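Every protein chain of the complex appears in place save one, which is left out.
A, B, C, D and E label the chains in the order they appear, each numbered from 1.
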Amino acid sequence: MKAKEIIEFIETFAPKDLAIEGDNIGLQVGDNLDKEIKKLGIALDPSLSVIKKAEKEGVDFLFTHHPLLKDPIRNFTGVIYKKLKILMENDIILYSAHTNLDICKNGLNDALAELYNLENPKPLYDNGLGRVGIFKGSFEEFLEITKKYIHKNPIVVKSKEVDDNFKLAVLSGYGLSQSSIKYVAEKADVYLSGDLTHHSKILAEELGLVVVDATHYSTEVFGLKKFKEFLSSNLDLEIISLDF
Amino acid sequence: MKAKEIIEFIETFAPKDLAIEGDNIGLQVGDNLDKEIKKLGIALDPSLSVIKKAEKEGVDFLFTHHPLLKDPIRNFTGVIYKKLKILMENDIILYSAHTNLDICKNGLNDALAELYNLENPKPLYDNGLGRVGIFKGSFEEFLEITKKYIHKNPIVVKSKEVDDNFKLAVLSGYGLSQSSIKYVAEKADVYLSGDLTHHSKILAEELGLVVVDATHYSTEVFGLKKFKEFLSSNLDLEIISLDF
Amino acid sequence: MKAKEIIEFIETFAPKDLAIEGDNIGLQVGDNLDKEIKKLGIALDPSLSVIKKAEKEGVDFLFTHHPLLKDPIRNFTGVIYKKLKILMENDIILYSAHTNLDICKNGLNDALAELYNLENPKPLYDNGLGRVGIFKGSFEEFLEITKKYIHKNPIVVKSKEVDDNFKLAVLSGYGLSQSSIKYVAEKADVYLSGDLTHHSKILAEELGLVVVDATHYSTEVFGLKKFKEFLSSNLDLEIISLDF
Amino acid sequence: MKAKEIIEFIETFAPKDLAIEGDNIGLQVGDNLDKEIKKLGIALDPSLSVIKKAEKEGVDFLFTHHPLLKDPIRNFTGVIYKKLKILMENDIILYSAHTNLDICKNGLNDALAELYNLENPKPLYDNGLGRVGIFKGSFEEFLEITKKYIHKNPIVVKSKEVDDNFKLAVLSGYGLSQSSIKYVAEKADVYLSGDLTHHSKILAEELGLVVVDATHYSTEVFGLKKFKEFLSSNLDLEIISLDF
Amino acid sequence: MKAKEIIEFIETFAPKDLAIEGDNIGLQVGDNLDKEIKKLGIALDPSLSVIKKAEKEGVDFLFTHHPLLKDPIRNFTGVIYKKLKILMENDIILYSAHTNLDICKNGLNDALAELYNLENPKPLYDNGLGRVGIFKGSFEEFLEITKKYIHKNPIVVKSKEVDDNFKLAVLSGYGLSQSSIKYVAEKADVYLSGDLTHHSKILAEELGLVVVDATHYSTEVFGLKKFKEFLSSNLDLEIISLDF
Partner (left out) sequence: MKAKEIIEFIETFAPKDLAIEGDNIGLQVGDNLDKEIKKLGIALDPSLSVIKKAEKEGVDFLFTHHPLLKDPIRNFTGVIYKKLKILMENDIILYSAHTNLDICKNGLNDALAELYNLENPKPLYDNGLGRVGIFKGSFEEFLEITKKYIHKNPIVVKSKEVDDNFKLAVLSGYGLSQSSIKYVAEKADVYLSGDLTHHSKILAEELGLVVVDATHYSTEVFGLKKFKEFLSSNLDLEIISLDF
C-alpha cells in the first residue's frame, strides 16, 4: 500500500473540510506519498516518545489525532528539532486527522453518542463538535456505562438532581472551559467531557449543569481505539498502537 | 397613486429595520418620488433582461427582491452602466425589499412555513431568517408537497432515515452554505433550501442533516408570487411579473 | 464585620468570573477593605441621589447592582466628581455585583424563574443571562403573577395567541433590544423583560414572539429584594435599601 | 480620433500607478471606448454645472482633475442621479487623472516649481505630492510671482522673518491640513498651497512656518491650463475649458 | 483671580489643540471653575507627593506638565484613590498643559532651541515635537552650555567626531527610545534628550548618532522654569513650585 492509498481511505472516512477553522490537519511531515508502507502506527499525540517508539518499531506511516504543531514556526531547535530529525532521517510520514476525525460520521464524538445510545443525537456546537441527545435510562445507568467503557473513576459535579431520560451532551477531549459550560448549560442536563477546573466546577454548580469529567485522555482513546479496529478491519497493513 | 405611497405600503408590510446588517434595501435608483406610477413591475432580480423588459412593458416602478448592487462602486462601466442607463433614460424608479421581505410576517420564509403547515414555527437564525417547526407528516408527504408546490425534482441528500413528525427547517434562497449547514444540523432533521455546494453536501451527510435543494430561484419565487397576489389585492394599479 | 468579609460573602454567592465579558464588577471606590462596617446600603444604581442618601443615612458600605461607570475616564468633572467627593470624603465603600448577580444560582434571573415556577429551566443566552423553561399554566395566570409580584400594568405585545404550558423566557433588566428579541424568538413563546423600543415592538410582532415589558426597574428590583433578604438572614449587619 | 487613444495618450503623460493609494483615477463613467470623439471638454471637477455645460456644448469626452466619486455608493439618487443621468443619455465619457496628474513630470506640482524657478526641486511628501526647493531671490519677488501668475490677492501668515534664498515648498490644491502644516514645517521656510483653517493658521505661526494661502482653485487651475495647452497643442480635436 | 481665567490665560499661550493625538490635557480634577484662586502651584508631575505638598502649602490651583492619568480607568483604589481624595476634600483644581506646552512657541522645546541659539530651528517630529537646527559652535561649547544650564553630569554617547557647526536636535522629556533614535539619526549629528535605555545606547553607537542623555527631569524642568516666571510676570498671584 502506497502512502497515498491510506491517506485517501482516512480522508474518505474523515473529510478535511469537516475540520474547524485553523486546525492543522492532513500531512504534517513527508516528501514522498508514493512510498510503500509496511507498518502503520497510531497515537493520540506525536510526542517525542511516540516518535521514538515509532522508529524503534519500524513504523513508516505515523498517524496521530493531534497535529505536530498548532501554531506555525520558522525556527527549528529544541523539541521540535528532535521530532523532525527522527521523522526525516527515517523517512517516516506523519499524517493527522484532528477535528475532522471528531466531527465526521461515526467519528470520535459519534462513538460516544453511540456508546450511550443517545436518542436522536445532534451536533452540540456551531463548528460540528460534540453530540447531544436524550439518554433513555437513569442517571446511574449512565454513570455505570461511563465507568465501564470510558473511565472507571470520573469526578462528578452533581449540580442538580437528574431525572430519567435527560439530555446528554458529550464532547470527546477538552470540553469543559467556562465558555463551553455556559453554552452547554442551555442545551443539556448532563455534560460528559474532560478537564474540569475549579472555576468551571463552580460555574457548572451555579447554572445547574451536571458535569462528568472523564478526562481528555479517556474520551479520546475510546474513539481512537475504534478507529483502530476500523483501520484494522479494512486494511491489509500491520497496524499497531503507540499511545494506548 | 404616487411612488412614495407604494413604497410606504411595502415598507409597512416589510419594515426596513427588519433587514439584516448590511443589506442594501430601499430605493435603489430613483429621483422623483411624487411621480405618478402607471405600471408596477415586480421581479426577483434586477438583471439586464428585467431592466430591458421593464423598458419594453412601460414599467415605471420596478420592485426587486435582490438589490441592484451588494457592494458599492465608484466607477460606472460594463453591465452596470447599461442598467443605470435604461433606468435613468426612461426615468424608471428601482426599489428593493430584500431580507426584510424574507423576515416579515407572511414574508418569503413564512410563505414556506405556511406551505408545509409547520407546527409551532420559529425563526431559524439569530438574524431572523428561516423558519423551523414540526412537519406533521411523513418525510414522503413533505417530498410530495415540495415537488408539487416548489420544484419538481429537488436534489435530496437523504443523510439518514426520517421518522414521521420530524423537525423541518426552511430557508428561502441560498441557504446551503457550510456555516449554515452545521448550525441547522443542531436544530432540525430536514432542511429545505436552495443552492447546495459540494462542501455543504459533505457536512450534511457527515452531520446527519437530511438536505433538500430546490434552488434559490424556486424557493424564493414561491413567496414572491404570494407577495404579488398580495399587492394586486390591496393596490389599484397594473402589476406585472417580469420574472415568473 | 470588616469590608473584606462582606465582599467575600457576596463573592461566594455571586462568583466574579460569572460576569459577562467587559462587566465592571467588584470594588468601584475604596482604599481600606480592612475597615469596620456598621451599616450596608443596597441600591440598584449608584446615582447621585443614592450616594447622597447613603451618606446622610450613615451607610459606610454601599452595594449597587450597576457599576458606577461602564466606560472608563481620565478626567474628573461634573457629576462623577460630585459622586466621588462624597464616597471619598466619607470613606464610604462602593462595590457592585452586576451580571454575576444576574447569573449566579438564585440570582436575579433565577429569582424570576422561580417566581414563575418554570419547568426544567435553563440559561437563555450563551453568557449565562436569562432563564427559559415551560410555564405550567395559562397566559392569563402568567400575567396575573406578573401584575401581582413584578409590575401592576405591564405592557404586552400579543403578537400571537398563547396556548397553555408555553415556553417562557425571562431576563431581568434591559432585555428587549432588537438583537435580543430576534434571538429569544427562536427559543421562547413569550419573553418577559424590560424596556421596549418601538422597533423592538414591531420586530417582535413580525416574528411571533409575545413580549411582556414589565420595566427594567421592576424586574431587577424584584430580585434585589430577594438578595437583600438573603443578606439580612446571613449577616449580623444593619442593611437598608436606598432604592426600593 | 478615438477615446482609448486619448486615454492612451493621457496615461502616457501621467501613468496611472503614479496616483496615491485609493485615489479614484481613470475611467469614471463610460460604455464604449471605440467611440470616435469630436469635442473634448476639461474642467477641475465634474460638478452638475460642468456636466450640463458639457452636454450643452456637445462635448463627448469630459476630462476632470477631481474624480466623480471619492468614496463609493450602491444607491443612486439626488445630485449623483442627475450627474449620471446627463452623462449616459448623451453617451458622454468621463475620465479622470487626479493625483497622477498632480505628480507626473510637469504635473500641477512641477508647474508650480517650474514657474517659481526652484533650485534642485524634489517631491515634498512620501506619496509623490508637492515640490520643495530653494527660491533664488527674495520673499517679495516671490509674493509678486504669485499675485501676478497665481492668485492676485493671497493671504499671508508671516510667522517668521524670511531671508533671501529660502526653502519654498509648493503643493497644488488642498494642502493646508493641520498635519500637512506640521510636516512641511520640518522641511521648509515657506509653504505655498490652499485653504487655511484658522487652526492650521495658528499652528503654522506657532511652529514658525510661513504660509501663503493662494486657494485651491488658483493653484490647481494654473497647472491645468498648461495641461490644457499641452493637450490642444499635441492633438488635433478641439478642446475647451468648462471651469476656467 | 478666578480659575477659569487662569485656564483662559494658559490656553492663550498654549492652545489645547496644539497637543498631539490622544494627549490628556486640560482640566484633570475640577468642579467649580469660578472658584476664586489664591495660591497657584506649578509641578512637573501630579505625584501623591506633590499633591500632599499642595494641600500643605494651601494651593488651590495645581498646574502640572504631565497629566494625572494617561490611560482611562473605572475603578478607584490604591494610589489614584489617594490623589483624588486630597484633591477633592480641599477642592483643589488640577489642570495640565502637556504636549501643548511642549509644542508651542517658547514652549519646552523652543526653550532648549534658544539656550543653544540654534540656527533656523525647525520642528523635529511629524507630530510637532522637538527642535532641530545648526549649532553655531563646537561640540565642546555645546556640551559646556549643557552642563551649566540643563544638567551637570550628562551621559554622552559619542562614537565619532562631531565637527563644528553641526545639526543639533533637541527633545524635551523622553526622546531616547529606540525608534526615535533611528529616526533622529537620519536628521541630526547630535541629539539632546532624556533617558537612555541600554538598547538605545547600542543603537546610537551603531548608527553614528551622538546622544547626550540629560535626564527627562532636567530637559523638561528647564522650560517649565521659563514658564513659572512668564506666568509670574503676568498675574497678580502667589505662584510657587512644588517640584523645583
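Simple rule for what comes next: a residue touches a chain if its C-beta (ideal position, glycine included) is under 8 Å from a C-beta of that chain, and two chains touch if they have at least 3 such contacts.
Interchain touches from the omitted chain, evaluated on the whole complex, reach A, D, E. For the chain left out of this panel, the touching residue among E:189, E:213, E:220 or E:243 is E:189.
Mapped onto subunit E, the interface with the missing chain covers residues 159, 178-179, 182-183, 185-187, 189, 199, 202-203, 205-208. Residues 24, 26-31, 67-78, 81-82, 84-85, 88-89 are the ones on subunit A that touch the missing chain.
Mapped onto subunit D, the interface with the missing chain covers residues 15, 17-18, 103-105, 120-128, 132.
The criterion applied here is as follows: only the chains that are shown with their structure count from here on.
Here the chain-to-chain distance from subunit A to subunit C, counted in touching steps, is 1.
Its interface matching that of B-D in over half of the contact pairs by residue number, C-E stands out among A-C, C-E or D-E.
Work out the mean CA point of subunit C and of subunit D, and you get 60 Å between them. If you draw each protein chain as a dot and join the dots that touch, the picture is not a line, a loop, a star, or fully joined; it has some other shape.
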